[PDB]
Each structure stands twice: as C-alpha cells, then as structure tokens.
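One protein chain omitted, others in place.
In order of appearance the chains are A, B, C, D, E and F, and numbering begins at 1 in each one.
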C-alpha cells in the first residue's frame, strides 16, 4: 500500500486525508477487498483504477466533491457491472450546476457528455468535419 | 400535485391517462412514496425524475410501450437498486425489434447501449464520407 | 408417496379432490417441499403431519372449511414459525360461529382454546 | 446467580452441567435478558420459573430430554406467548413412545393431557 | 441520420466548394 | 351515497383504491371503514385498542399508519401486532404503547414477552 493509504489486512484506507487527483496513488494492490475513499477532494477517478482490482467487494466513495462530466464517465462505467449496490445508493454530484445533487448510479451518457462538449452538440463525427470543410474552403 | 395527475396525501396516481414522454410533469413532490404509471404511452423516463424522490418505495411501470435504448438506461439503473422486486416482472421491451419481448430487469447494460447504435444509426452519411474522399480525389 | 393424490418429484398435489380427515394419507414423504391442499374438506390437519416434513417451504391451504378450536392449534403454531407469509393471507375459519371469518395467522392461541372447554 | 448456575454480566448460563428438577435453581435474578439451559437433564420446567424474568428475550432449550406429558404443559403454555419463533424450531420430545421426536412448539394440549391420566 | 443531418448539409457544402475548386 | 366515515375524509384514486384520512380527529374507537378500503391512515389520534377482526373484512388493505397513538399494550393488542408483522414490519420500530408504565419503554418490536402482556395459554383451575 502507498504512503497516503493504510493497508490493514486485506482492507485499504485512502480516505479522509484529502487526496486529490494528482496525489492519488497510481495503482492499488491486487488482493485488496474493501477500499474506502471517503472525505477527499476527488473530482473524478482516473480510468482503469477500480477495474484492475480482482478482489474488490465494496468500495466507499461518499463524502467527496464528485464532478460528473466527461472525465467521470469511466467511474460510472464501472458502477453498472457490480452485483452489490448498497454502498453506492447515496453518491452525489457537486458540479456542474445543471446537475447538482444527482445520484451517481442513475446517470445517462448524453447527460454526462453535454457538459463534456463545450457546445458542439451531436458531434459524433462533426468535430473534424468542420475543420476540414473550412480547410477545403481555405484551399479553393 | 401536477394537474394531469391525481395526488392523495403521499401517493400520486398518473395511470390510464395517455401520458407521453413530453407531458410528464417536470418534478413530482419530494415527499412522494408511491407513483403509478401503468397503462400509459411512456417510451422512457426522463433523467432526473426518479432520483429526485428519495422517499419512493415502489413504482408501477407496466403496460407501457418501453423503447429499450440508451434513454431508458436511467430507469433500468433505478430498477437495480430496489430491495423489493415484486412488481417489475412484467416490463417488456416493445422496441427495438432486436429486443422484442425481453423483460427489462434482466436486461444487461450491454443490450441497451447497443440499441442507440453509435454507428448503425447515423450512417446515412456513409455515402457522404465516400463523397468526401471521392471528390478529394477529384481535387487530387 | 401417498396413494390417494398426485405426486411429482419433490412436490405433492393433494388438492381439489375432496380429501377429509379420515381419508387423509397418514404421512407424506420426508423430502417433500410443497403440499397443496386447496379445495378439500380438511377441518383441521391431523397432528404430526406438518412436522414430519422438515423440507416443507410452502403449503397451499386455502379454500378449506377450517374449524377453529383445540384441533387447529398445531396448524396455527406451524403458521407462526414461518419466514414467508405470502400464501397465508386468505385462511379463514368456518366454525365455530363465534370466530366466523377470522383470519387464521392473526389469531392468538387463547381464542382457539376458547371454543374447546 | 445461584451456586448451580453461572452468571456472565446480564446473561446467565446454566447449561452443560446436567441440571434436573432437583438441580434446577429456585429462581433467577430479574435483570437478565437471555438465558440458556441447553445440554441438561431437564424433563420439564416447573411453573412460574421462566415467566418470572421481566427482561427475558431468548431462552435456549435445545438438546434436553423433554418428556411431553402433563408436566410439560407449563412450558408449552409459555412458548406460545413469545414474539419470536427463531430459537424454538428444534425442540423435540423424547417420551412417551407415542411422541418420539415431535416438535415442541407445534404440540397440542390434548396430546399432553391424554398421555397423562389412565 | 439526424445526428449526421446537421453536418449532412456541411459535407455537401464544403464538397461543393471543392467542386468550385474543380 | 359515498361510504366515507363521518369523522374522516376519503379520496378515491382511479387505480390505487381508497385513501382514508382520519388523522387528528381525536377518536377513541375505529370508524366503520368501507368494505373496499386500500390505504388507511390513523395517526394523530387517541386510540386505545383496535378490536380484533377489524381489518378481517378488508381484503385490499396495503398501508396502515399506527403512529401517534397511546396504545394500552396488553393481550387484546396482540392482533394488531400480528398484523404489523405481516404487512408493514418496519412499523414495529415506531409504534409505542403508552400504558402501563412498565411497558412504555420503547417501540413495540423491541419488547420482551413479559412486558407485552405475557399471555400465552391462560391456565386456570
């Protein structure tokens, strides 16, 4: 277990010490079963952090300023495929203001992507299309 | 309580009244503990509705034409986090035809995500892509 | 498994065939886990029948003329000690006239003993 | 707690020492919540003994030679008036031979009175 | 279809500007 | 001819039954509830004890508010307790019996057999 965390038996504690994204440990031990990450400043979780733990039974993620946006799509993507659902009943959002107090496991893709896109809605392929049509105008 | 519905104390009743996706009231009362929507036209539920009622115990959603796609993901997730699962055994997918007659609570998130086809839905513009490359060859 | 009623696998189907107290089979197989007795003439189940089937989960017992006195205490006590209480909401007394239409699971033993002395 | 019995804080344990009607203590102290009497030679409990504990919650009675006749009536009468049924599902008779291993909570007054008088 | 409709007019428009270039 | 009890209000929902509000009327006996009652609220009252078999002729009952009532928990109340153990078990943790003073020390669920009017078989001779 990393220095910011404390590994007691098969349980790991990484909460209540105000961990941010930058100071979050890069990787976790294989054998950990329960991980409590309560009371930090975690805006969103890095992709592939909680999906690489084979023995993870319950993870506590409450009491954090979760920012539900594009970068939070990973963590929610890991929430659907979980047998137990009790310790995720009251996960809340704190930003953006349009989605204040939204329960985390009840989020759709479009809602998370609306704030992800600065405003080019419906851009499934539009992003490079605008640039290249402008570029073709630029040529001739 | 909203005008199209009928409220009685904590309970709210909005069944058998031709209620559509756009005619749903924006926000039901916070205190509500049982909402019924049987025998309506609801294709899916808008996001942010079922999670704004923390006191909900049961909800009746049968006998409705549920389109099982990405937009219905907010409902299905709410269906997973319920202690009692008695009245959710008759939620069938009226559409798409790829998932005709499937019970909703047993639908994994794999099936619903694939319905809002990221590729198959859009490409009436596959010929448009071919046209981009072909007339770029014209320029080239 | 008992001759005078149907029997498949671990389930027994003794219902809707006019079984009475005298005609009831003496005992059921040890491993049975369902005993439907709907639509019979069982006034009160003979003692030692619901405790000889340790694997019994549910026992459909509606649509019968239950008489509620000393003879029905074993069934009421059996009903009390059961995790699920779903199919036990329409068990009504038929006799005596004092306890007409009384829901069986919501009865104390004293009222059952009242019709006996 | 009496000399034959043992008391651990609020709880009182008296099992696994072969108590009998002669060895059963006259009473128990009024503050106990749970008592256990498993693994003794208790044929039946004398009247007014278990129902003299105001705070009794669970009274284990498994693995004892309960003979079901007149003398057991004060016990079964007490067992009906309980809010819980979990710890009383594995009590069985040992005598008379007519009732080898019948469940105690599911017994009838008529049987306990019939095997008593000639 | 719909989500490509907003750039449907846009592929053809830059494409026709390229047709002007040719 | 509506079947509403006189010191009560009734709301008929199209597909949820009858919601009968009897809260705060200061009653002491249960009103003559209609035969088709589904939801019934009896808080804020001064009820003492529900007579046995009150709910036995109401097949469609699904909710019952029993809080804010000074029950005299004794043998006659056992019926109510049993009902609350079969439809709304959680309500056991929020209903208290006011009298006697011996038994007014917590919710109905967390009550020992003795303080609950310890009547099993009433042996007499």
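We adopt the following convention: a contact is a pair of C-beta atoms (placed from the backbone, for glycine too) under 8 Å apart; a residue touches a chain by one contact, two chains touch by 3 or more.
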{"item": "Which residue of A:2, A:29, A:62 or A:74 touches the chain not shown here", "value": "A:74"}
{"item": "Residue in contact with the excluded chain [from C:4, C:9 or C:18]", "value": "C:9"}
{"item": "Options B:3, B:22, B:30 or B:140, residue touching the unrepresented chain", "value": "B:140"}
{"item": "Touching residue (missing chain; options A:56, A:95 or A:114)", "value": "A:56"}
{"item": "Contacting the left-out chain in the complete assembly, out of A:49, A:114 or A:125", "value": "A:125"}
{"item": "Interface with the unshown chain - residue positions in subunit B", "value": "85, 89, 101-103, 105-106, 108-111, 113, 118-119, 123, 126, 129, 132-133, 136, 139-140"}
{"item": "For subunit A, residues in touch with the removed chain", "value": "33, 47, 51, 53-57, 73-74, 76-83, 124-129, 132, 135-136, 138-139"}
{"item": "Residue numbers in subunit C that touch the chain omitted from display", "value": "6, 8-9, 11, 13, 15-16, 34, 36, 38, 60"}
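Note that in this section only the chains that are shown with their structure count from here on.
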{"item": "Geometric centre distance via CA averages, subunit F-subunit A, whole Å", "value": "48"}
{"item": "Rounded Å distance between subunit B and subunit D, as computed from the means of their C-alpha atoms", "value": "58"}
{"item": "Residues of subunit E engaged with two or more neighbouring chains", "value": "3-4, 7, 11, 15, 18, 21"}
{"item": "Multi-chain contact sites of subunit A, meaning residues that touch two or more partners", "value": "124-125, 132, 136, 139"}
{"item": "Each pair of chains that touches, named by its two labels", "value": "A-B, A-E, B-E, B-F, C-D, C-F, D-F"}
